[PDB]
Amino acid sequence: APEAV
Amino acid sequence: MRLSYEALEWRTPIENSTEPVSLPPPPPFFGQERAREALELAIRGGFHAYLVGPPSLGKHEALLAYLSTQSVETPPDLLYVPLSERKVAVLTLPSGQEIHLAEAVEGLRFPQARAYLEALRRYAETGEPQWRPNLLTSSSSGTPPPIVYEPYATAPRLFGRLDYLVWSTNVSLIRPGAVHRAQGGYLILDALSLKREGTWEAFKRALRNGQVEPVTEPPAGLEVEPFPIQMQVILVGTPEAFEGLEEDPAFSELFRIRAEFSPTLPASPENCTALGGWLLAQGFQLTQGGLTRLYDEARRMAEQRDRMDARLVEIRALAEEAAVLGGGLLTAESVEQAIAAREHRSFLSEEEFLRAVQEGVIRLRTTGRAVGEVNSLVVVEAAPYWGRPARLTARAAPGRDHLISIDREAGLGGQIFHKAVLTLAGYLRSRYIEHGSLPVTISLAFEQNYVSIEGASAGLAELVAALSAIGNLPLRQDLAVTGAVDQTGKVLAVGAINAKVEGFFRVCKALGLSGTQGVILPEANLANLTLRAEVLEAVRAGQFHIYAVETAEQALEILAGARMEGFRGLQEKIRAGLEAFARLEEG
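So the protein sequences, as listed, match chains P and Z.
According to this note's numbering, the first sequence is numbered sequentially starting from 112.
According to this note's numbering, the second sequence is numbered sequentially starting from 21.
The set of hints was computed from the structure by calculation and includes no laboratory data.
C-beta atoms are modelled at their ideal positions from N, C-alpha and C, and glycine is treated no differently.
Certain hints may be false.
Said to hold, decoys possible - To be clear about the criterion: a stretch of chain Z counts as covered by chain P if any three or more of its residues have a C-beta under 8 Å from a C-beta of chain P, and this derived list gives those stretches:
hint	segment
1	390 to 403
2	465 to 474
3	514 to 520
Unchecked claim - Residues from chain Z that keep clear of chain P, each with C-beta distances beyond 12 Å, as calculated:
hint	residue
4	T293
5	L338
6	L374
7	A410
8	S477
Unchecked claim - Between beta-carbon pairs, the in silico distance windows are:
hint	chain 1	residue 1	chain 2	residue 2	range
9	P	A112	Z	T174	35 to 43 Å
10	P	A112	Z	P164	19 to 27 Å
11	P	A112	Z	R228	43 to 51 Å
12	P	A112	Z	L43	36 to 44 Å
13	P	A112	Z	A596	40 to 48 Å
14	P	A112	Z	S534	47 to 55 Å
15	P	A112	Z	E341	42 to 50 Å
16	Z	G388	P	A112	44 to 52 Å
17	Z	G586	P	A112	39 to 47 Å
18	P	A112	Z	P248	49 to 57 Å
19	P	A112	Z	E93	53 to 61 Å
20	Z	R362	P	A112	49 to 57 Å
21	P	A112	Z	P176	35 to 43 Å
22	Z	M21	P	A112	32 to 40 Å
Using the sequences and the hints, build the whole thing.
So, in structure tokens, the structure goes:
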């Protein structure tokens, strides 16, 4: 899955 | 600043944990004043309204309970009477009075039924061989008022249907729909359904113009006269569910009263107590310990020491799983284990990740020191949103004031990510000016990142790595870092702070705790720390450490084990690095 910072 | 265990503890102390709870049910809309007062006005003035709030709030349940307590005048009898053999009208008589009209007709005094009786007059005048009132509804009190919740907003369910007796039809084949059943009371519908069924426009025409047409089949139709609509409509939906609708100027005209639920409530004894009563009303056998744990999970679901999540149906759903684990009983334990079991049920990806880390397939450091390297912290955007550390490298070379985000050039970094990098660059240029423009090119890479990454929360990690690469400053690999930074180098708040912290702790634990591992984070996020028991005890044991900072330089001092000043401090080494880079660049 795409990742947040 | 270092955050002690004492500063970090946020849990409610438990006294007499197994004691059964006994508390009265809170009133509907507790902790939701705005929504209740908006709804109150809507009732008082007869306005249409919409209830807006995120999913799982219990908006529907609160609504039906509130309307249960209401009182209206007993609803009129409601009927279709024919005005012709191809025409019918909607009519109200005072209540119970249709059966006298119906039976009088059943032969072959009611002022309201005039036009129907006039046209009720030439079988004898032509031997001419369908005419008796069709009762739709009637009730014996307006307490409680009519309350019709039609979740499935199709044309037939809203407006009733024509049946065809072979094909012929007449008045008596007309069935009512929700709109008819809600007369003199409340009709509740879901905004999403009105959209998905395509019935919004026909619903407007009923409200605006009184057009309520029974659904036909494409032989011959009765015309159906419009009538004055007597009902209060209440829409229910998420904020996003209402934006399709708000674009239509008709929506704000029709539904004037917004009743908006807060997604959270103040974390207070009065709401804890109200939560207990509500759980008892639901049928749970609740202990003081069980209530206290659910109230705290609600604070943790909110990511706020001082607020609790308002989604009563989420809390009830967790309570239901806890109850099964306590054999019918809602105890502290049952709740802790139910929370732990949800995590385990969704743990496969982290177990895979941790295995990969332990195998060296992903290369991560959690001890020692290294130049131009930091553990930053990311969140995997799939529920339940695990945090993980991500290794970030900065490399500095003599060049022409360039900061290269490799992940953004490769197209993995999003807009807010790009913005974070440009902000750092603005900081660095304006901060180090003695050589004119910066005499370095700096490249930043999230080392084994194969996926898209978005947000500003890597700002701090990137900037400190950049400074480290600039001054050749070894940084601790046993502290992970998270924070955004502004153009002045101050450290700003980030999201998902619990997941981020807990995710580094999980990799440190899997690689064996050193006793010096920790996280550096924004002081601004102190109110958001609602850390899980296991991290709290490790901090209490001196096995793990949290630092809160307000500036980037503060973070660099902790990481490089030194102060910016007291020269021999980090600032002169940074300046010394830049001087070296400038000389290689020019001479």
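Status of the hints after comparison with the structure:
1. Residue count for the segment 390 to 403 of chain Z with a Cβ under 8 Å from a Cβ of chain P: 7. That meets the three needed, and the coverage hint holds.
2. Only residues whose C-beta sits within less than 8 Å of a C-beta in chain P count toward coverage, and the segment 465 to 474 of chain Z has 5 of them, enough to reach three; the restraint holds.
3. A count of 3 residues in the segment 514 to 520 of chain Z with a Cβ less than 8 Å from any Cβ of chain P is obtained; the coverage claim is therefore met, three being the minimum.
4. No beta-carbon of chain P comes within 12 Å of the beta-carbon of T293/Z; the shortest separation is about 36 Å.
5. In this structure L338/Z is separated from chain P by more than 12 Å, as the shortest Cβ-Cβ distance comes to about 24 Å.
6. At roughly 17 Å from the closest C-beta of chain P, the C-beta of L374/Z stays outside 12 Å, upholding its exclusion from the interface.
7. Its closest Cβ contact with chain P, about 8 Å, brings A410/Z to no more than 12 Å, contrary to its assignment away from the interface.
8. Against the 12 Å criterion, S477/Z falls within the reach of chain P, whose nearest CB is about 4 Å from its own CB.
9. Between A112/P and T174/Z the CB atoms are about 36 Å apart, so this pair conforms to the stated range of 35 to 43 Å.
10. Separated by about 47 Å at the C-beta atoms, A112/P and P164/Z break the suggested range of 19 to 27 Å.
11. The hinted range of 43 to 51 Å is satisfied by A112/P and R228/Z, whose Cβ atoms lie roughly 46 Å apart.
12. Our hint of 36 to 44 Å for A112/P and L43/Z holds, since their Cβ atoms are close to 42 Å apart.
13. Roughly 43 Å separates the CB atoms of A112/P and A596/Z, a value that falls within the hinted 40 to 48 Å.
14. Range check, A112/P to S534/Z: about 30 Å between beta-carbon atoms, so the 47 to 55 Å window is missed.
15. For the pair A112/P and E341/Z, the supplied restraint of 42 to 50 Å is violated, since their beta-carbon distance comes to about 25 Å.
16. The supplied range of 44 to 52 Å is broken by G388/Z and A112/P, whose beta-carbon atoms lie about 30 Å from each other.
17. Checked against the hint of 39 to 47 Å, the C-beta distance between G586/Z and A112/P comes to roughly 45 Å, which is consistent with it.
18. For the pair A112/P and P248/Z, the supplied restraint of 49 to 57 Å holds, since their beta-carbon distance comes to about 54 Å.
19. One distance hint, 53 to 61 Å for the beta-carbon pair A112/P and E93/Z, holds here, with the actual separation near 56 Å.
20. For the pair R362/Z and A112/P, the supplied restraint of 49 to 57 Å is violated, since their beta-carbon distance comes to about 18 Å.
21. A hinted range of 35 to 43 Å holds for the C-beta pair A112/P and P176/Z, which are about 42 Å apart.
22. Between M21/Z and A112/P the Cβ separation comes to about 34 Å, which falls inside the hinted range of 32 to 40 Å.
Hint violations for this structure: numbers 7, 8, 10, 14, 15, 16, 20, all remaining hints satisfied.
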